Structures are given as structure tokens and as C-alpha cells.
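Chemist: Here is what each chain is made of, one letter per residue.
Number of protein chains: 6
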Amino acid sequence: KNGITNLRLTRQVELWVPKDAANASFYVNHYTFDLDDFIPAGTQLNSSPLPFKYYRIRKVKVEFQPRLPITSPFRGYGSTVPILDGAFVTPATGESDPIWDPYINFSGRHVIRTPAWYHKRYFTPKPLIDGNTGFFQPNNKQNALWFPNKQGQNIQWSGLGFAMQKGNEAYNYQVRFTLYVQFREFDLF
Amino acid sequence: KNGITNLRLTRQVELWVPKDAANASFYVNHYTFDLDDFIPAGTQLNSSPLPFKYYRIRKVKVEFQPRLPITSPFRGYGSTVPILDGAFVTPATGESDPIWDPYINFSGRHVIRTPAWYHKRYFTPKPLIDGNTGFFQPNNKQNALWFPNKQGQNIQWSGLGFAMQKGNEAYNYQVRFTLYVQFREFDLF
Amino acid sequence: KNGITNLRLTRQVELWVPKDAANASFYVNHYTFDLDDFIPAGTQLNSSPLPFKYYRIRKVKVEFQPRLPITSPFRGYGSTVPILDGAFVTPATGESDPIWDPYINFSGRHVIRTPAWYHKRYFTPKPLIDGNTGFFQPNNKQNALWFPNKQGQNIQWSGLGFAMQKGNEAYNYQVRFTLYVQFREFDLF
Amino acid sequence: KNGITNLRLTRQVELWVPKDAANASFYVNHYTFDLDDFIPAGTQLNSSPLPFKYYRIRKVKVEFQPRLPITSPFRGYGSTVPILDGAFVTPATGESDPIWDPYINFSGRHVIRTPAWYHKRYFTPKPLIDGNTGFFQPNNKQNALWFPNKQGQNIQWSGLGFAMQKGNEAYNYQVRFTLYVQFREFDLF
Amino acid sequence: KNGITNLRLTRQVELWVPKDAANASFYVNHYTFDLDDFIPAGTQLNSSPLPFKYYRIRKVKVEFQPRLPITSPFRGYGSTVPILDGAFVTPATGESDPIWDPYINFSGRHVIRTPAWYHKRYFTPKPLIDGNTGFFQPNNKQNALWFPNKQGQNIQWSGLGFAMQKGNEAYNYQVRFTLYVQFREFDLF
Amino acid sequence: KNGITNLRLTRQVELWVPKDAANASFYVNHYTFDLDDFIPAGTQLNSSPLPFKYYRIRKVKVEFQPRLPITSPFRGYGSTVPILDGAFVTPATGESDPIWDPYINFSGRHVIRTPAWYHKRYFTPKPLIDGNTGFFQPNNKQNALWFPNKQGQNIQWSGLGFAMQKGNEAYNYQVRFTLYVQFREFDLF
Numbered sequence: 040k041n042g043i044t045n046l047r048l049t050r051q052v053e054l055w056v057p058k059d060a061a062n063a064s065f066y067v068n069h070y071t072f073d074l075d076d077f078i079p080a081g082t083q084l085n086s087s088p089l090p091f092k093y094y095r096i097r098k099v100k101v102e103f104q105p106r107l108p109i110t111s112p113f114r115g116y117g118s119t120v121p122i123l124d125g126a127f128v129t130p131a132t133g134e135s136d137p138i139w140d141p142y143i144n145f146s147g148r149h150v151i152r153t154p155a156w157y158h159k160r161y162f163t164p165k166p167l168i169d170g171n172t173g174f175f176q177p178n179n180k181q182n183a184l185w186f187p188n189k190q191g192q193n194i195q196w197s198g199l200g201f202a203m204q205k206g207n208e209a210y211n212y213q214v215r216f217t218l219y220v221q222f223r224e225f226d227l228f
Numbered sequence: 040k041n042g043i044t045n046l047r048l049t050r051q052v053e054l055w056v057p058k059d060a061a062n063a064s065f066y067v068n069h070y071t072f073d074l075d076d077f078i079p080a081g082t083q084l085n086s087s088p089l090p091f092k093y094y095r096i097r098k099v100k101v102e103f104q105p106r107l108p109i110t111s112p113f114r115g116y117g118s119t120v121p122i123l124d125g126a127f128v129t130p131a132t133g134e135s136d137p138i139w140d141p142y143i144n145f146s147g148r149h150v151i152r153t154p155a156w157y158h159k160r161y162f163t164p165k166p167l168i169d170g171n172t173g174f175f176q177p178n179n180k181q182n183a184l185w186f187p188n189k190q191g192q193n194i195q196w197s198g199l200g201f202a203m204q205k206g207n208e209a210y211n212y213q214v215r216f217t218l219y220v221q222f223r224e225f226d227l228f
Numbered sequence: 040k041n042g043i044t045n046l047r048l049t050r051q052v053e054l055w056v057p058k059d060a061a062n063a064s065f066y067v068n069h070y071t072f073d074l075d076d077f078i079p080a081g082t083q084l085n086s087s088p089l090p091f092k093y094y095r096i097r098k099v100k101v102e103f104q105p106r107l108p109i110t111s112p113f114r115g116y117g118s119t120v121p122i123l124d125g126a127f128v129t130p131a132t133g134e135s136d137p138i139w140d141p142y143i144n145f146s147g148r149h150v151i152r153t154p155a156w157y158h159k160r161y162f163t164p165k166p167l168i169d170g171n172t173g174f175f176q177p178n179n180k181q182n183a184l185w186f187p188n189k190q191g192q193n194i195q196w197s198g199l200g201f202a203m204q205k206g207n208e209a210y211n212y213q214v215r216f217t218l219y220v221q222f223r224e225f226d227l228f
Numbered sequence: 040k041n042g043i044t045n046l047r048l049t050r051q052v053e054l055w056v057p058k059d060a061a062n063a064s065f066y067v068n069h070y071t072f073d074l075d076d077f078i079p080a081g082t083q084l085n086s087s088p089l090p091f092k093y094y095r096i097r098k099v100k101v102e103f104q105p106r107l108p109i110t111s112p113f114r115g116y117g118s119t120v121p122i123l124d125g126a127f128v129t130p131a132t133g134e135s136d137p138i139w140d141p142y143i144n145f146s147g148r149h150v151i152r153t154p155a156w157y158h159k160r161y162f163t164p165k166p167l168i169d170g171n172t173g174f175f176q177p178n179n180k181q182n183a184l185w186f187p188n189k190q191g192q193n194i195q196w197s198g199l200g201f202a203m204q205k206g207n208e209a210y211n212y213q214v215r216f217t218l219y220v221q222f223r224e225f226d227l228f
Numbered sequence: 040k041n042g043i044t045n046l047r048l049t050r051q052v053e054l055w056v057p058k059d060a061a062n063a064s065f066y067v068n069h070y071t072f073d074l075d076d077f078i079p080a081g082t083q084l085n086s087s088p089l090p091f092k093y094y095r096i097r098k099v100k101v102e103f104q105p106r107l108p109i110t111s112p113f114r115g116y117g118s119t120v121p122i123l124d125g126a127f128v129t130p131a132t133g134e135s136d137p138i139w140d141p142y143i144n145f146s147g148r149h150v151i152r153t154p155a156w157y158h159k160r161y162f163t164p165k166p167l168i169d170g171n172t173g174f175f176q177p178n179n180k181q182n183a184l185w186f187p188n189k190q191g192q193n194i195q196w197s198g199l200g201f202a203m204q205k206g207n208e209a210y211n212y213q214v215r216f217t218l219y220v221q222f223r224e225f226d227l228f
Numbered sequence: 040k041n042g043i044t045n046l047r048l049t050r051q052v053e054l055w056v057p058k059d060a061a062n063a064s065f066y067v068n069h070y071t072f073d074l075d076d077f078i079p080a081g082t083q084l085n086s087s088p089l090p091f092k093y094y095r096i097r098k099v100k101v102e103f104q105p106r107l108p109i110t111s112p113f114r115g116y117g118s119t120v121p122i123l124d125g126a127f128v129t130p131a132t133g134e135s136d137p138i139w140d141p142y143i144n145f146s147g148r149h150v151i152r153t154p155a156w157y158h159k160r161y162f163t164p165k166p167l168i169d170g171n172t173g174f175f176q177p178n179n180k181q182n183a184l185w186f187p188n189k190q191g192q193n194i195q196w197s198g199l200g201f202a203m204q205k206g207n208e209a210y211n212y213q214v215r216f217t218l219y220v221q222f223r224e225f226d227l228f
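Protein chains in written order, with the authors' numbering: chain A, 40 to 228; chain B, 40 to 228; chain C, 40 to 228; chain D, 40 to 228; chain E, 40 to 228; chain F, 40 to 228.
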């Protein structure tokens, strides 16, 4: 019969890092993945671009791809972490983002060598359901738990919190999210 | 990975058999199955109700279900055959459908006991591509040959030719087609 | 010690199917089972007809028993499905119930031969708790999960969605629900 | 299936022992256990606090718990026996309870050290049906014989005959009966 | 690496039992354990006395230690039970606490010999999350389920319901709670 | 039980190297690691950011990360050594830092390729207790000796002495210290 249907969805987001007048201040932001933002925008001839009902995200692969060449006049050394519970340390509005690194002492701290070097994280995310009561239950062999696919009402899955060092000149990354989704119960009319 | 996706599509067609003034004449018609007629009509919110690209029909199950009870004042004994090449002996317009049975001496002649008895045929159809040059190539283990799914331009697959005896009073069947389709290469945007 | 207490509760509901003036339109309704409706009504000498605290429904057996004899002047062929998540396709008020079958292409589509033939479904239901967040978790060996028995506040368990064809004359079924309940923690005072 | 349902019912009775002006006279009374007196009194919302039909008493555990501390100015040494046929030697009204011990030479004479010491008997009782014709039939592996549970018409089961020595000052015990009842044939409506 | 961190927290509560004018009435109260009440009060130099994030309670050990000596002029015999779902039978305000024992027929009824005798219960509690939908799921090898430690917002864990007999004179116990907590994910800044 | 608690603390220090007018003179400095400087500054809500009592440093990982790109107009070749006894050859104030390399002939002389190339040292440090009388006792399987954690009074652990060549233009490194600390005897109030 028809048990599992793999898919590999991909989106690309530009990521601007503004300049800084030699304060060596960081710029922190967080990433969440939700399945309704990975469809190509505009293509709305049929209302169900994903015609299944039950889905789960197996792996997320986040690629920080650069734009500047390797002979940039200034390097910088930030850190990315996989956050699996949505407790980011991201600043508020007008918080004046910290001079000291907030993502420096975490458990899965990978180092990203900004602004001219590729950086790949490949992990398993967890949902942000907000009714999970708080219990973690450490790794259950890649989150074997199916979720009902609702077109436009999907939950978010918490992923990378990156903290990249602002430099003397502003620069640009191209970030590429890939989700290795599994699907079940094809329900076309 | 994701090789095959089974599906089980179903449609229902009313089948009227008009009366006859004791001539014992038959009423012959033929059936072809095409995938664009098995979707539910009206549901057109997204233009692709079948979001795959390559398909094949494994089995077709045609059920003649009756309407009259078993105490009808007149029986009748027709014949159904699986035609696998589209060479039906169906009458033309105004042909005055034959008094003798046309589907009596065929190879797979099953007998249907009209008008109050169930009758099931379960077989493998063949396409009507009209560019196959004529060669048959007897059974290749259930027609392992994939076809490109075009929305509204699909080919027909030849199936039952039924020849049911007209009686003294007109009656009604409910015919139910089921296709056990296989699919491949999910191509959603 | 005293682990499990089996019980076999039974109720009977009349089911009327109104007539139709040769439109071959269907009549769709859905069934849910809740434990507080299976007690005999009127017998209220003690406030706890079920003196346990933890319960679960193992199997539900729904029997469509007929009333008309087998020599009825008109047959009809409907479909029953086990719905395990409460997503029935039942019409609204004044929806003018569909001419085409809504329960024709489902996974567990059994065919009921109305109006003179017995029809039995025997399955495992799932609760309708509305706080299950959406995950299905396919069959966990007959839903080993106990629920607190509250007298008059019990949850519903989603079962059959039947869609039976309306005929030329109105008719009647007698539907019989049986629940094979298990119980635990006898808590009498 | 559902064969046996264990239960552990418990009641507590105050037991007063009046004083005596240095005659060293005893005070003899007998105990019988009947299932309709072990329910909590007042709780009458449903008329069947025990919703089974067939029952038997496996063990009875009678605990004499004291009230006075161990530094009482006077001890005393009585005797308890398990009577299994209702032939107690208890006094009549105005009999002026005997100066010599009546329960001194019996077969299962346990000694209770009154008035400051715990005393536990744990045995199997026998019914007082009064139509048993007199035959005893020594121990049949814990009286495997079921009895119909009638709400308010139950038979008595003969147990302890205790004979405790009256002292110079009146005192108090708290006696606690426990029945390890088995049940069968749950018959709720 | 660093998986589990055991801890053994302890608090002490005085427990007064008021007098009674020879009615032999009980005094019932219930106990719940929450982790934010087990820290020493006043010591607030750093805002996180427990610097972990995920915790669970393995065992709770409740010790009723007495104050009166063993030569008290009046004994008494109460009962403690481990309640694991928060359904205590505790009285309301002005309910005039019952003359008959409410905790007499429960499953884990231990007897406490008041007012001069030690009494220890040692068990596993369950949370009172109020969104658990009601299912019990009997013992899963000591509640392997982690909970997020929130400073001042922690959930309660239901434990002992004790029912101790009031006497002729008021008295005093010293109750000592011990929690054998496990911890995970040390998250200091 | 709870024996060892690993932690991985991290701090980052900017390291400026001033220019030189073609004398090819070096610039020598030394590094010591003390646990009270690795906490995030400002976060002082609770007075104990490390709530243990006994600690030891297993490994120190010092990363010299660059700032200039690899196409700098001038290279340079310095040397780092692990000093394990605090006998650095660092200059005094106004010493006019030597034209010849002081760290050239040592035992563990690694070469750092300044100013555009990463450089990692990963070793075990030794304390600077100043009461050790002078004896070395060569490697005792990674300094199995616990030290009492005093908040603000901790001893220093001697590490890298680096000697990096000054160039024609001033430049900048970002140095990152990581300590793989072990902890014992959690002593929270």
C-alpha cells in the first residue's frame, strides 16, 4: 500500500546585515519554519498545493550562502544554534542589540565565519504547539508524531537562532531553507 | 524514497434498459474508462485534482448492481466480455440492435442474469492510443507501462462490452466503475 | 487482583429514510458514541449506573437491520465508512443533500444494500477530545488509553458515517450500537 | 472475560467496657458480619452501592485497637475465638456475666492483652443460613460457595466471640472489621 | 556527558490537630508538593535557586513525626492514602468535618497511630496539570516525563490525603516532606 | 548518584597588534584563565552564577581568529607556546619588546601565521597557586585535583604565551577562550 510520501521543499530568503561604526556589536535573529510559507507564491489555480492530510518534518537543512568574495576587508565570527523549544534570546524593538554574544555558551553552538563563507546546519526541529505543557522527552528517534495539515493554519517549527557579527560595512547573505517533509493520507477529491 | 502511490477511484452511472414488445432483442453497449471522468464534478478550487504526472491503471472492477427485486415477472440472460482492444460490435445509430446475441461466442464471455442479480468483472484494461501499430504482446504481467497524466487530454482504456437482454418492461441498473490506479512523480508547485 | 472489567452495552435507534421523486439523491448522516447515552433511560434509583472510574471503548459494532422484506419494489446501494477523526462530510441545515455520493472514494468504504439487507461494521473508534493538537499516531494496538468516567460529561467517540440512497418510497432501518467497553477502578461508596 | 472482582470493605465500631468493683468478672460479646452494614451510611443517591449479584467473603480481619496508653494502672487478659457456627456462649439479658472465663478452653483461643495492646484475628467465616441441616464439611479451601446479594436481606457470617476482662476503671476499644469480599456477575442497568 | 542531576529537597510543616468534646470526629486535609516551596525562604541573593530547566519528581517521602510522648492519655487511629489525581474528599469551609472516616476504604490505605507514633509514606506522585484530558496510563516505570522549571509558576504534584482522628486534647505533629528530584539541562548565565 | 557535571564556558577578547616602521619587532603577551571572568557580565540577579563548590579545568581551547582577509599586503610568523608554570618571558613596562623572538626555542612551540589565518591550541593548564613549593610531577592523567570555587577569589590557570610579529600596518585578532570545566557538589540553598 501507500504509507509514506517524502518531499523536499525549499525556499530562499535574503538576509541583510547593517553596518556598525566600530562597536563590534552583534545582530541576533531567529528562524521558524512553517509549511504554508514553502509553496511558490502566486500559483493559486487549485486551493491545495499539498494534497495530503498528515505531515511531519524530518530534517531541516539551513544553508547560509554568502554574497561577498573572500577578499573582503573585514571578517567576523558569529554563532548559530539549533533551538528546539522557541526560547530565543532575540532582542525586542529598540533594544539596541547586545555588544556581547548571547549565543556563545549554548550546547550546539556552531561558528559561522561571516561574510564570505558557507555555513550549513542540518537537524531535526520540534513544533511550537504551545499546549505541550512543557515536557521535552529527549530524542524519540526523529519526532515520530504526525500533524494535521491545515492550509494556512499550520504550526511553526523552531529552528536556528543565529547571531552574526556586524562589521564596518553592511553586507548580505542568501539563506536557503530545506525541509525533508514526510506525508500521509492523500485526500484528493 | 517514494516509488508508487496507489489510489482507488470510483464512479457510478445509471444504465437504463428500455422495454421490448416480445421480440427478445438485445441491447448492446460498450464501456471505456478515462481518468478525467472519475474526479467529483464541481470541485474545481484547484486545477489539479490528481497532482501526479505518471499513471497506469492496474485493475478495473465493474459492478452491475440491480434495482428491481428478485421477484420480477421476467428474467433475462445477457453476456459481458472484457474487450482489450476497442473492437466492440456495438450498433450504429438507427441500426435496430440485433435479435441474436453478438457477444455470445467470445473468449471471456461471462453471463449476467438480468434484471435482479449482481455481476462483477475484475480485469486489466489496455489503452486505446491509436498509434500502437496493432501488436498485442500477450500479458506482460499487468501492463507495466506508465502514461503521462494530462488534465483533460487523457487516453481511454477499453473495458467491458455488455449485451443485456431487453424484456417486456423497461428496467434500470446502477453500474459502478472502480479503477485501482498507480501513480508516480508527485509534481506540486 | 482486579484489573479489567469487560462490559457489552447496547442501544437501538430507529433510522427513517424519506422518499424522493426519482432524483436518486442520497441522505447522509454521521454517528458518534458516548457512554452516557447507553444506559437504560428512566432507571435512576442510584446516580451511578456505571460505578467505575476509568474506561475505554475497545470495539464498536454497528448493525443496520432492515424493516422492509426482500421483495421491495426498489433497491439502492449506499456506503458506510468508519470515520476516526470526526471530519464527516455531512450536510448543513437546508443544504439539499447531494445527488452525488460523498462517501464513495474513502479508504474503508463498505457498501450497504438498502432497504432489505443486514449490514455490520465492527471497528475501533477514536475519541473527539478537541485538544489532541491534530496528531493521529496510527494504530497503537486498539487505543490503549484510559479516560475518566464522568456521569453526564463524557466525550464522544467518532464512528460510522453512512450515506444511504433515498428511494421512491420512504423506509425504515433499525440500527443497533454495541460497545465493548473495558473498565477499571471500581469506586463505590 | 470478567470472572472475579475483589473488594476490601471496612467499618469501625466503638467498644465500651464498663468498670467493675474488684470482682474480676468478664464481659462477653459476639460478632457477626453482614454485607449491608459495611456501606457508608447516608450515601443513598443510587439504590445499589454494590452492583454485583453473587458474592462470598474470603477473609475477615478483625483488629482490636486500643485507646488507653500502655501505662494504665491495671492490665487484663481476655480471649478471642473464631466461632464458625454461631454457637456463642454469650449471656442473656440480666444474666450477670460470668466470673469465670467462658472462652478459655476452645480450640482457636487467642489471648488479647487488654486495655492497651493491639490484637488481630484473620480468618475465614461461615454463613448462618439456618437451613444447612447441621453438617460442617471441614475446610473446603476457603468456602467456595457463592451467595446472591440482596440489598438489605443479606445473611450473617459468624465470626469472633471475644471475652475481655472488666477492670477497676471503664475503658474503650476501637474495633475495625475488614472483609475481603469477592464478587461476580456485574448487573447494572 | 551530563545527563541527570539528583537532588533531595526537604521542608518541615507544623500540623495542629484541635480538640474535640468526645464526638470522635475526624480532621481531614490533603497535601500537594510544588518545587517553589522547598527552597529556603529569605535567601534571595540570586534569582535562580535551582539553575536547571527540566525536572521531575521521582519519589516523595512524607514523614509524620510526633510531639507527644507515648504515655498520652488518649490514642487515635487515622488513615493516610496516596492520592495520585487530586480527587481528595477534603471538606469545604464550615462543612463540620465528618464523624465517619472518609479515607477508610481506599486502595492504599495505610493506618497512622496518632498522637505519638512515627508514620512514613514513600511513593511516586503525579502532576496536576489540568490539561491531561483525564487518562491515567497506569505505572509507566516512575513517571518518565520531564517538566520545564519555571521560577514561581510550577505545577503541583498531588500526594497524601491524611485523615487523623481528633481527640479529647489538641496536639501537634511535625510533618517532613522530602522530594527526590531529578534535574537536567543546567542553564546558567 | 551525581558525580561530575561538565560545562563548556566561552569568552572572547579583542587583541590589537600595533604597527611598526620596518623593524620586524615582536609583540609578546601571556594569557591566564580564571573562572570568575568567564561569566556574562551584567547578569547579577543571583549572586552565584556557578552553584557548585568543587571544580577543575580539564582542557582549554584557545582560538586565534583573524580579521584581515588573506590578501593582506604583509604576512608574519609568530609562535605560541603552552606555559604550564607561569614563567612567561613577557616584557616589563617600557621594555621596548624584543627584536628577536623570545618564544622560538621552547618545547611546544606552535607557529601562528599572522594576520589572516586561524590558530588553535588545545591543552591542559596548571594552577598558579604560589604555594606548590615548586614540584612539577609530570602529567598525572589530566590534573585530577579539585579546587574550591570561591566567587571572586579564584586562582589563575596559566596558559598560552603568544609572540606575534608586528607588521607595517596595525591589525586585529579575535581570541576565543573555551574552558571544559568539570564540577562537583551542587550546593544550592
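Since the hints were made in silico from the structure, they are not lab data. One should not assume that every hint holds.
One copy or two, it doesn't matter: identical chains are merged, so the pair holds either way.
SDA-like mimics (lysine to any residue), calculated; alpha carbons at most 20 Å apart, straight line [what the hints assert, rightly or not]:
{"no.": "1", "residue 1": "159", "residue 2": "66"}
{"no.": "2", "residue 1": "92", "residue 2": "141"}
{"no.": "3", "residue 1": "100", "residue 2": "134"}
{"no.": "4", "residue 1": "58", "residue 2": "79"}
{"no.": "5", "residue 1": "40", "residue 2": "67"}
{"no.": "6", "residue 1": "92", "residue 2": "128"}
{"no.": "7", "residue 1": "98", "residue 2": "125"}
{"no.": "8", "residue 1": "189", "residue 2": "169"}
{"no.": "9", "residue 1": "165", "residue 2": "112"}
{"no.": "10", "residue 1": "98", "residue 2": "109"}
{"no.": "11", "residue 1": "92", "residue 2": "172"}
{"no.": "12", "residue 1": "180", "residue 2": "88"}
{"no.": "13", "residue 1": "189", "residue 2": "93"}
{"no.": "14", "residue 1": "58", "residue 2": "106"}
{"no.": "15", "residue 1": "58", "residue 2": "140"}
{"no.": "16", "residue 1": "40", "residue 2": "98"}
{"no.": "17", "residue 1": "165", "residue 2": "185"}
{"no.": "18", "residue 1": "98", "residue 2": "144"}
Chemist: Evaluate each hint against the coordinates.
Modeler: Status of the hints after comparison with the structure:
1. 159 - 66: Answer is within: at 19 Å inside a copy they meet the 20 Å cutoff, but 26 Å across does not.
2. 92 - 141: Intra 39 Å, inter 18 Å, cutoff 20 Å: inter-copy only.
3. 100 - 134: Classified as neither; 30 Å inside a copy, 32 Å across copies.
4. 58 - 79: Neither: 32 Å inside a copy, 25 Å across copies.
5. 40 - 67: For residue 40 and residue 67, neither the intra-copy (47 Å) nor the inter-copy (29 Å) Cα distance is at most 20 Å.
6. 92 - 128: Only across copies: residue 92 and residue 128 sit 15 Å apart there, 34 Å inside one copy, limit 20 Å.
7. 98 - 125: within (17 Å within a copy, 31 Å between copies)
8. 189 - 169: both (17 Å within a copy, 15 Å between copies)
9. 165 - 112: neither (39 Å within a copy, 38 Å between copies)
10. 98 - 109: neither (30 Å within a copy, 32 Å between copies)
11. 92 - 172: Between copies only: 14 Å across, 25 Å inside.
12. 180 - 88: neither (29 Å within a copy, 33 Å between copies)
13. 189 - 93: within (9 Å within a copy, 27 Å between copies)
14. 58 - 106: For residue 58 and residue 106, both the intra-copy (15 Å) and inter-copy (16 Å) Cα distances are at most 20 Å.
15. 58 - 140: within (17 Å within a copy, 29 Å between copies)
16. 40 - 98: between (25 Å within a copy, 15 Å between copies)
17. 165 - 185: both (12 Å within a copy, 16 Å between copies)
18. 98 - 144: Classified as between: cross-chain Cα gap 16 Å, same-chain 24 Å, threshold 20 Å.
Checked against the numbered hints given earlier, this structure breaks hints 3, 4, 5, 9, 10, 12; the rest are met.
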